[PDB]
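Can you read through this structure? Questions will come right after.
Note that one protein chain of the assembly has been removed; the remaining protein chains are unaltered in position.
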Amino acid sequence: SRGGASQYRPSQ
Amino acid sequence: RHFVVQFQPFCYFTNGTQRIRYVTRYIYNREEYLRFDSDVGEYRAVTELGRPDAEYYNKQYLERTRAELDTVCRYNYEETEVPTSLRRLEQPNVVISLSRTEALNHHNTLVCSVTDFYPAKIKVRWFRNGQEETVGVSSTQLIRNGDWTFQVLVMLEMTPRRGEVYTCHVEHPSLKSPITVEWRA
Partner (left out) sequence: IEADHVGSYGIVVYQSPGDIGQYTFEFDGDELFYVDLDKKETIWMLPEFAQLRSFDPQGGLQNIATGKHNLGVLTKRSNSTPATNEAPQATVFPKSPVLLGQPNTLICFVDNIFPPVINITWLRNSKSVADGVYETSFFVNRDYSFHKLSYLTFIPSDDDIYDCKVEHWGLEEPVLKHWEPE
């Protein structure tokens, strides 16, 4: 049902 | 002056959800520097700007990233695309026109305009009095209208002559039976 996004990961 | 970052995630599908290749790019201005490739199953640096992040991402969320290849990619495909993008059908409109004003032996050019279809898969063929023209045919590359429809123009070099019938033949997944549009001298 609910689409999912690809987490944009934060650096240091 | 201006500075930018870009995060471009790609779920590459092949034969349904079989050969799924989940990738994830990290960009600065117009240059990539970090990447998660399902094929390598791990992060790697593409340019200097990435060395400082490598080990960090692998330690912080690799278990989470690999996980998305199924909670994002595979899931979206089988859960959201299947009933939307992969189901969407738009029948092409097929019209024939002549580049120059009609005449009886002057060489002109028939143009078969095939528009507003989706998906991109299409086949267009020209026929003269019933047989496949295999000489002066040419066509534009498939054009993407940016609104979820495509168009393509297929030209035929010719010379109008009475009694002659030219047909533009078109097959598309949206079509139960092919489309044929005739044009006569």
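To keep things simple, chains are lettered A and B as they appear, and every chain counts its residues starting from 1.
In the analysis below, a residue touches a chain if its C-beta (ideal position, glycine included) is under 8 Å from a C-beta of that chain, and two chains touch if they have at least 3 such contacts.
Annotation: of B:81, B:133 or B:171, B:81 touches the absent chain (contact as defined above). Only one of the listed residues, B:67, B:103, B:143 or B:165, touches the absent chain: B:143.
For chain B, the residues in touch with the chain missing from this view are 1-16, 19, 21, 26-33, 49, 52, 72-73, 76-77, 79-81, 83-86, 88, 93, 95, 97, 113, 115-116, 119, 143-149, 151.
Although one chain is not displayed, its contacts with chain A can still be listed: residues 1-12.
Simple rule for what comes next: only the chains that are shown with their structure count from here on.
Within the complex, the chain B residues that touch chain A are 7, 9, 11, 24, 52-53, 56-57, 60-61, 64-65, 68, 71-72, 75-76, 79-80. Taken together, the chain A residues at the contact with chain B in this complex read 1, 3-9, 11-12.
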